[PDB]
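Taking the form deposited in one PDB entry, here's one chain by itself in structure tokens.
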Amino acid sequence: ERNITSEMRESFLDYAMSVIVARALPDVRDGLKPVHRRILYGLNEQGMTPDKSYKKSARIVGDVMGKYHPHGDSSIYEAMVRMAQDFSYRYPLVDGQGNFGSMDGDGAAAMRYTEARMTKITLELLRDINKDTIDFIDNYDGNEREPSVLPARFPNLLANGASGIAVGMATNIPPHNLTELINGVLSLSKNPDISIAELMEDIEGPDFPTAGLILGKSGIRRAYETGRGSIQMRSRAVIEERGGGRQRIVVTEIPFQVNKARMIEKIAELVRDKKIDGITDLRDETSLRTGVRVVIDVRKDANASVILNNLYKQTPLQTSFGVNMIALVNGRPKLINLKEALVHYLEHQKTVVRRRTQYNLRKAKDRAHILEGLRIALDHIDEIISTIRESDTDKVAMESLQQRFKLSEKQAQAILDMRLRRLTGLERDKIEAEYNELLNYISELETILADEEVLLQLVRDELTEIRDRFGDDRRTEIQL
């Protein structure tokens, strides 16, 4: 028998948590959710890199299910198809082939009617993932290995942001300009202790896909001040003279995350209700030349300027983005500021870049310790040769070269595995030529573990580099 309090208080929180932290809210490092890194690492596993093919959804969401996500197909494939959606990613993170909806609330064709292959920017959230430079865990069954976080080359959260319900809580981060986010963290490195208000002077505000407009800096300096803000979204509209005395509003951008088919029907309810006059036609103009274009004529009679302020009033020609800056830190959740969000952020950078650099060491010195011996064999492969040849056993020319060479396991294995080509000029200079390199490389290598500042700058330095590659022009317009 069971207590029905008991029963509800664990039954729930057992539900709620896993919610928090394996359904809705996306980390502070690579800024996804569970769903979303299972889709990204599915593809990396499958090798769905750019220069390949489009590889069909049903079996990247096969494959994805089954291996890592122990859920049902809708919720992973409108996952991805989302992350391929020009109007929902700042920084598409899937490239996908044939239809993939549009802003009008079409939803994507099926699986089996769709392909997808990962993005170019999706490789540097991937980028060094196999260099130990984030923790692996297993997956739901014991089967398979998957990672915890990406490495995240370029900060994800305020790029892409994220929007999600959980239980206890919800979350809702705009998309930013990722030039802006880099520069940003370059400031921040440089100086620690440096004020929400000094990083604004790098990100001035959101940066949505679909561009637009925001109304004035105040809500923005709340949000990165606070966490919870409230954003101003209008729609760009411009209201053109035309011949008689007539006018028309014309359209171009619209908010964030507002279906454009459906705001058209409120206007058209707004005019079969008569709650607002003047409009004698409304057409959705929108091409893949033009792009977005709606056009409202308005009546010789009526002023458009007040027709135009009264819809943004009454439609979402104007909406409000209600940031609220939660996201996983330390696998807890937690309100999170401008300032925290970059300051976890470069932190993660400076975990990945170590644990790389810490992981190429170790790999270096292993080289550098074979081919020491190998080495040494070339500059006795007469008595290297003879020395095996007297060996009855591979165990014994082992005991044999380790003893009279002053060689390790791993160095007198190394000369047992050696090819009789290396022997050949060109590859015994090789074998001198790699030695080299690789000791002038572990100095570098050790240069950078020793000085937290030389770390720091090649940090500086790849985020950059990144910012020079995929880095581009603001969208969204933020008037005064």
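Residue numbers count along the first chain shown, from 1. First, how it differs from the form deposited in another entry.
Among the candidates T114, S88, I267, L445, the residue located at the hinge where one rigid part turns against the other between these two forms is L445.
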Contents of the next structure:
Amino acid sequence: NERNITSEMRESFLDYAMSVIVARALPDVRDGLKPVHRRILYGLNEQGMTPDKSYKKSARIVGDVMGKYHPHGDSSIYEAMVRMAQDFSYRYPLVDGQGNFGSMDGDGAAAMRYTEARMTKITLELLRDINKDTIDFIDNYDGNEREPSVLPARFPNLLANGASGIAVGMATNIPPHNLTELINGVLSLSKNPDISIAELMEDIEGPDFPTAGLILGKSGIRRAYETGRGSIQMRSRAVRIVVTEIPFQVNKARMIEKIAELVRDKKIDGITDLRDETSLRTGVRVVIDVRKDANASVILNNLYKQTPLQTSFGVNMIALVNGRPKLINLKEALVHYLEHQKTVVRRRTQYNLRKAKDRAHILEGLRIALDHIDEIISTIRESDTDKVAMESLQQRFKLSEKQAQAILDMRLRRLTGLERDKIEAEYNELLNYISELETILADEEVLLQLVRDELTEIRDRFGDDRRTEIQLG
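Structure of the form deposited in another entry, please, following the form deposited in one PDB entry?
All you get below is the one chain by itself.
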């Protein structure tokens, strides 16, 4: 057999490129997660590592995720989980870590056998209603497990925590945002489908970095929200000059070493010495002793230009839409997210209705059984096999195969006085529950309001203050 070099190159490069794109480097628009991150969170859910239970070692999590969902190096899983637990990396941290989870100076986390982890309260919201047929499950790498294709994501995580990823033919770079502003934006969009980006910007002012700092103007922000692309200038908070906030993803130690380099090589002048006075007590504090009679305003402006004291955030909003990479603007991101929420709620309601209708049918048969229990027992006792017992029960009491099966599976303890009253009470309550569920599915506006109400609750519970100041000009 033979193969054309061109045909082979095109086929192999495409297989590699699409796999990095759809199954590695880029996040899904709906939940804002890359496969490895979704697996960590699903793993924490299945292992019951919820906020209310005690911490478990990272090795216990990593090992589970590695063996059940992610057959790649255990360090790739651990490294991704560590970042999720860093308050300087995640605007809304997804992992609640105990121990050394790394620092702003690029110091690594301790070995996974030393550190402990569990879900954050906000991660409960990413997983909320996952076992209510809200999302599609797919087979794991070996067919022995089932894993989610996407998470319900009851908060707009993609925009909230941001994203970055290098793929093939493309890359992504979405900054993080304020949760209050985002939910307000979704709520404004839910009330007006024809909303403009400019109108949305009345809610979502711009990015909001966990590391705070400043943003120079709204021009870059607007360009990025309008097109999906735009440079956003991030500036350190500086007022001898004292630095209290540095830009997002900037290594403080490397930034200080860069300033120290500029003073040694006589690139900058009018500075005696520089000291990192950062502490857990005082927070970020970088102080620079300015030389007598020299202009600190001029020195500071030069530091913004020559060092990472002022850094650009190159916005390139790429995410997976219908399993395909797409450059999305601010409105598109919120539309896909709101559409996802509507589906999650609709599917949850449809699941709850199937579950309720099925139970109501069972309780109908149990009610007939309990009303004529002396006749029921005689019928079963007379029967040689369970098949005969079932056919005879269906024929005399007009019961379904499912109802007759539930009676044969009924324990003798269900024959007590209080147990019959419990069945009637459950049935009547269920009849009303079914009615309530049917009202939600009959009116698209009632369903849409339920999404709004559930989002408002998240906003009031997890919504916090803006950290990054958007400076006028």
